[PDB]
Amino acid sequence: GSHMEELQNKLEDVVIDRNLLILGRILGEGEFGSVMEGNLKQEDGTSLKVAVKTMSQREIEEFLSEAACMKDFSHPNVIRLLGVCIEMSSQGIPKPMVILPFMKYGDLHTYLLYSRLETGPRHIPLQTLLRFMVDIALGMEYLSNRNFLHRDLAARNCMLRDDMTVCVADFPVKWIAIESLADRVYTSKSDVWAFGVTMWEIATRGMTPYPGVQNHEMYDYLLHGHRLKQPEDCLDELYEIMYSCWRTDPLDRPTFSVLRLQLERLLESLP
């Protein structure tokens, strides 16, 4: 059918020939896998700087399908997936590679922390912190409109592009909504909860959520109605917006389209 055909097309489009890519230095490494700098030879004969993230036949197929879907996203505030390559290890283990644009400014969380150091970016003014929030809201609004759930929204998974536009990427107890802690159920409103926490990371310029509270204590902390505290120098109206994201009942939380307009309005009002 059309659904099957659509997926077949996306699959064709997402794979990149291993020989159009060369891998460079490791930029980061963990239990999940690696990030390396790379070069991608493009259709026009010129090479592009890329970031390359490395991680059963079903698990490979699932990766491929998921990647196929993700490449299809087309929004300035959603990371553009350039494609994927599957290289096989010497021990016959598949090595799936995600190719992405190289972003010299890195993730938003690290950037916020650097901005509090002398060598890093200058003190980020309120208006710019808010613009970061609008951008993320715009990306999450897009995803939500196509019923895609992010499931790992946090400032560390938002990327800064060369023009300082933020995009959501990488689709963590202190980001998880109360209902997902309880019933392991996760909806678009759970992403909205994560977005509120992310807004708080931005307003605190990179603080870890819930200082003084440990991960194992989180469910009970939230259970007794405690939430993230208003950051110093955070507008009361901005705090109300982020607090709305943590309403106990998912259905009372605003949608991303509503949040986005609230945030845009607030930004407009600043001089």
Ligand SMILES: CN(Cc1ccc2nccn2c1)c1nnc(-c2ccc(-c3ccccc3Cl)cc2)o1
Given for the second form:
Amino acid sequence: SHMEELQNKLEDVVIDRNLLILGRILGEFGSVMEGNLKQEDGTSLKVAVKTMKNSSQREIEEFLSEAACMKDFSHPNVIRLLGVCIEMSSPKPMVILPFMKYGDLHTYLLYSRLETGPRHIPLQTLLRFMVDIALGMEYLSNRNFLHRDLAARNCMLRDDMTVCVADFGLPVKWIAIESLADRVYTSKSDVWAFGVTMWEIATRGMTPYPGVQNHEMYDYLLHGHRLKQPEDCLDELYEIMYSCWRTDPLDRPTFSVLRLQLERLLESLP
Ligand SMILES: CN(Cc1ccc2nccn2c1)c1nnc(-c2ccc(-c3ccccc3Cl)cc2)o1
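Output block for the form deposited with the named molecule bound, input the form deposited without the named molecule:
Let's see the whole complex now, leading with the same chain.
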């Protein structure tokens, strides 16, 4: 029955192409399109459709396998995979996601500094964003799933302004020191990317390490330098993000420890 569990997950993740109607292109690695998904209750749902790219057997079965694992995730701060579709060329898979009208968190932070879009984001909400990602990441690491592409651009905003982790890997300034050197990736490397993500949130969308080029990053970190404390950022919050960048990956806290520290800090605000 150990294999029968994979077959169960496999049947579940596939969506009939006829239940899907494709809309306009939102982004042009593969495309992001809007779509309509006909549900079991007879009504249509607005969805986001991600199309992907070379073998028509092994790599496709690999996509279905990976998608079957992804649809098994069930947490309010992890994007939910609604299912997958396949379309053949003259070998193009599609992944079906809930439509997020508020978009990615990175764009939202940037828009908040311009007169038109969202208004100034206060400290409590910036901390609520960090708690939400920590909760989603905590769910993932406890299931032994590595994100491998954690950044503000890969976190999505739901209609109730809840953040969910998304766009799972497969970005040099999000990569842990040991991942740049030993080409090794663990949950401590996700914790490092999370600290960088927290810094993007606190700076309201600044690119990490201003004045340091991508090809200078490994030598920069090797000499002990880390991301600087953002202006008006709490010392406690900075200590939490800094703890994510400890040279020894074993010294870095887990997501569960980080989530707790962030919740206490949030509750402590007036
Ligand atoms: C496109 N995107 C972001 C998004 C979401 C929602 C949204 N609404 C409007 C615009 N939007 C944009 C997104 N978030 N998560 C994913 C994703 C993509 C691929 C896979 C995957 C990769 C390999 C094998 C199997 C799978 Cl299922 C998993 C998750 O993509």
